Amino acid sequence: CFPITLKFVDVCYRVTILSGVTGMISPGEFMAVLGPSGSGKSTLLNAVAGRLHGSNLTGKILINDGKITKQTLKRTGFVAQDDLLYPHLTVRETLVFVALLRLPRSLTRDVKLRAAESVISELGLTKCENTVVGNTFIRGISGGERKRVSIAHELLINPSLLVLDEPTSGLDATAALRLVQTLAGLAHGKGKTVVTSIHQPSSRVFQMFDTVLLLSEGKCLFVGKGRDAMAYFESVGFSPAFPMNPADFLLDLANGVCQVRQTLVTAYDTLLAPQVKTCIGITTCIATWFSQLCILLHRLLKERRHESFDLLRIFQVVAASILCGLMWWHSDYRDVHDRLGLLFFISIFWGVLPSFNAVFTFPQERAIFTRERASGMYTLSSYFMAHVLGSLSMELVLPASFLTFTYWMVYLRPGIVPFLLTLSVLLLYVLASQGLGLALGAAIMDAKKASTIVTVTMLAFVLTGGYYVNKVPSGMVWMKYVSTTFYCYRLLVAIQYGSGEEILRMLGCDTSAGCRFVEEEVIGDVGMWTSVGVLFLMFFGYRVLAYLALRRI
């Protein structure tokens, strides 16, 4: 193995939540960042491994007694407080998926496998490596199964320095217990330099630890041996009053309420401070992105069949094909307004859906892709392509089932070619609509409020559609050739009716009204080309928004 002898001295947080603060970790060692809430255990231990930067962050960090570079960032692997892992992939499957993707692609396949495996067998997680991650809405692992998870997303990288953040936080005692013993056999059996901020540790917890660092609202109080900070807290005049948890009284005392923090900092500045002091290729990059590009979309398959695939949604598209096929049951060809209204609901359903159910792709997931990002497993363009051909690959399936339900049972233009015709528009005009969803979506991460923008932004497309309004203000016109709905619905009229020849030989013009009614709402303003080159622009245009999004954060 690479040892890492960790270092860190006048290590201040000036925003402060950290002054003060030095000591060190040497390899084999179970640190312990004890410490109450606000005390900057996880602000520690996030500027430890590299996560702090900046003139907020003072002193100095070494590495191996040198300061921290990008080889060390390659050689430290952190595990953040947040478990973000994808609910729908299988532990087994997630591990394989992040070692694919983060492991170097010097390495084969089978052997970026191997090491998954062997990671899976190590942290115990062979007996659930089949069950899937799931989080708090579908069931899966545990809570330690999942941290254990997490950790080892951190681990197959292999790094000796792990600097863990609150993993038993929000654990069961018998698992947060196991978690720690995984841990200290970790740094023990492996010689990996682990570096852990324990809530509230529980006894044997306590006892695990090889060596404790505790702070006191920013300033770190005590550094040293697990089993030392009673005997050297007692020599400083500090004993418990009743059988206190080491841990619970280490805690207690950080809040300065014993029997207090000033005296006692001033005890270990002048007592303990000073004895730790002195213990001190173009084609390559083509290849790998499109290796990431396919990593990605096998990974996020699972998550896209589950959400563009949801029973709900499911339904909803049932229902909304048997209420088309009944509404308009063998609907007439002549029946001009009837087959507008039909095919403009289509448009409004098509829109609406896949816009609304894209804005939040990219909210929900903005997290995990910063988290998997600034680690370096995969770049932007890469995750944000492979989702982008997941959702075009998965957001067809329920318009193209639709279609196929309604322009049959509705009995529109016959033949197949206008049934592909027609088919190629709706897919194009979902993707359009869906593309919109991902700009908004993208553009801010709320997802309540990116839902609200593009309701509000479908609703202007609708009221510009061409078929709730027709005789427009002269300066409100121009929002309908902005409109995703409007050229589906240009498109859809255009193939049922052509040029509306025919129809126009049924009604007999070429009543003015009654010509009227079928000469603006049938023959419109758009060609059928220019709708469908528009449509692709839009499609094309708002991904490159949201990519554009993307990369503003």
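Residue numbers count along the first chain shown, from 1. Rigid core: the largest C-alpha set superposing within 1.5 Å between the two forms. First, how it differs from the form deposited in another entry.
Among the candidates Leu162, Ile120, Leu183, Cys324, displacement between the two forms reaches 2 angstroms at the C-alpha for one position only, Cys324 (superposition on the rigid core).
Core-superposed comparison between the two forms: the Cα of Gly66 travels less than 2 Å. Relative to the superposed core, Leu271 undergoes a Cα shift smaller than 2 Å between the two forms. Relative to the superposed core, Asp172 undergoes a C-alpha shift smaller than 2 Å between the two forms.
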Contents of the next structure:
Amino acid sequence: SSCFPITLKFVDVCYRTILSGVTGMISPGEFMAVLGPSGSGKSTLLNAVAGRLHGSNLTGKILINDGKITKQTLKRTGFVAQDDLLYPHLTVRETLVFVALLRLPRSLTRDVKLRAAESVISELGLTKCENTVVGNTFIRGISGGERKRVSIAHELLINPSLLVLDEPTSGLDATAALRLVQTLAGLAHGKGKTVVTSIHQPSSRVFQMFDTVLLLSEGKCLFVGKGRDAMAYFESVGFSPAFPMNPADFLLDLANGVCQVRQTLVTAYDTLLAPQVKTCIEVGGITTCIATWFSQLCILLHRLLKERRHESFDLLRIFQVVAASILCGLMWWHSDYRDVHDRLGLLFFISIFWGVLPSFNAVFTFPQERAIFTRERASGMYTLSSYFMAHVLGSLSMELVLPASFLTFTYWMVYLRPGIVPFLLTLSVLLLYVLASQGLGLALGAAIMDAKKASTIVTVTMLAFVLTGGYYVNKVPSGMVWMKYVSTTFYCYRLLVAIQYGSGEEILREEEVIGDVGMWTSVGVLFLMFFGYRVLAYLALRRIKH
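Please show me the structure of the same protein in the form deposited in another entry, now that we have looked at it in the form deposited in one PDB entry.
Next comes a single chain, given without company.
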């Protein structure tokens, strides 16, 4: 792999000071480690050499193969970050299949996009756990050193020629962190890539696997050399250990003061190594762009299918609906339609329960997956308009199966109106109201992007929708009668009474409670709240500038 070499030179990097004159070169086929104490800015060097600091404070010359950070050579570079962002309910094989269908170019087949995702599984040693779910801290999945190899496989699908990693071995074991360094040395030696990593606290034989070492001590680097003459260099200045110790622990003490002194390391670097490195340092149309959109939406629906039915079918949401079905069928068992005060309280309990329950569970959707979206939209996998519509279409399928089972169990126990026409009109109003209540939660969760702070604002909003719905207060004090024309509970409840009683005179053989609004101007407003709360959630997610 990678028969197209690369050479990375970063002459005089200065970031504002964090970095103050870092200079070195990275030949193709080398495995380099950036060593430094926690604060020297060894994470800032990796981002500003992979093209993540966009020339604002970065005053240096990051030139890639005697060039620049032009986008033609930036698609040959992968940056593996420090935290892992994976979906739990996908297995290891189908994690890397949906990523290969989104990242690899559109002018291929589906044949060599599945053989490009199984040549990456059986190269990082993931062929044992490929049918095991990924999981998280709450789902029994895969181990944390084998969870890191899925993040590295996510970057090797596009076949990069420069791989930049940010603390791979961190939290891993003693022997899991050695086999990971042994494959990263197998990429740089066997394939011919160029790996630049930053190891925090290496070990006695992890330091033997390295090839070149960079030592940062708050800005100015102290040593750039081939990783086994590091201990023979500092004894020429006059620094040497006493007790037998790790060669990586002797260097990380010279980086912060403790010797066996910090200022003479900086002066001796600019007189013997910096003259040595800097002499060598110069020598489709319209039909294409629509079918690309619908394929981004069909992959993102199947990729998120297992996540949506984890939200809407756990056993603590089924138990709240089975309980409310039994308590309604036992309180209003074989109810009579001639006592109007009881049946109007049945029809208002349905409006409270199915407006509070869809709106509350919808404010957790977008703040839960924000780091996953902003990492993957910035990497060119998908846009916002196809990510968003895969949540709109995928949530109006799973959220319409518990209210449809509530009503079937309950409709002929409590003796509502008999017939197939009053039953299918009562189900249609109930499912339109669940979709209008859900979009109010999606609009408040996206505008605020905090799940605990928006959970109390949907409480206060839905408390005012119930009180102005038309059941508790029979006469409203004349500066509050405007308030019922914005609530979803008012328009649902006037439609349920119009189906069960009609115009009103059929029971007259209690008139302000069977009053007049209109049956076509109540379904017309529940569609304006269906479409209108989904548009205000798109515009609230458009504001997040990456």
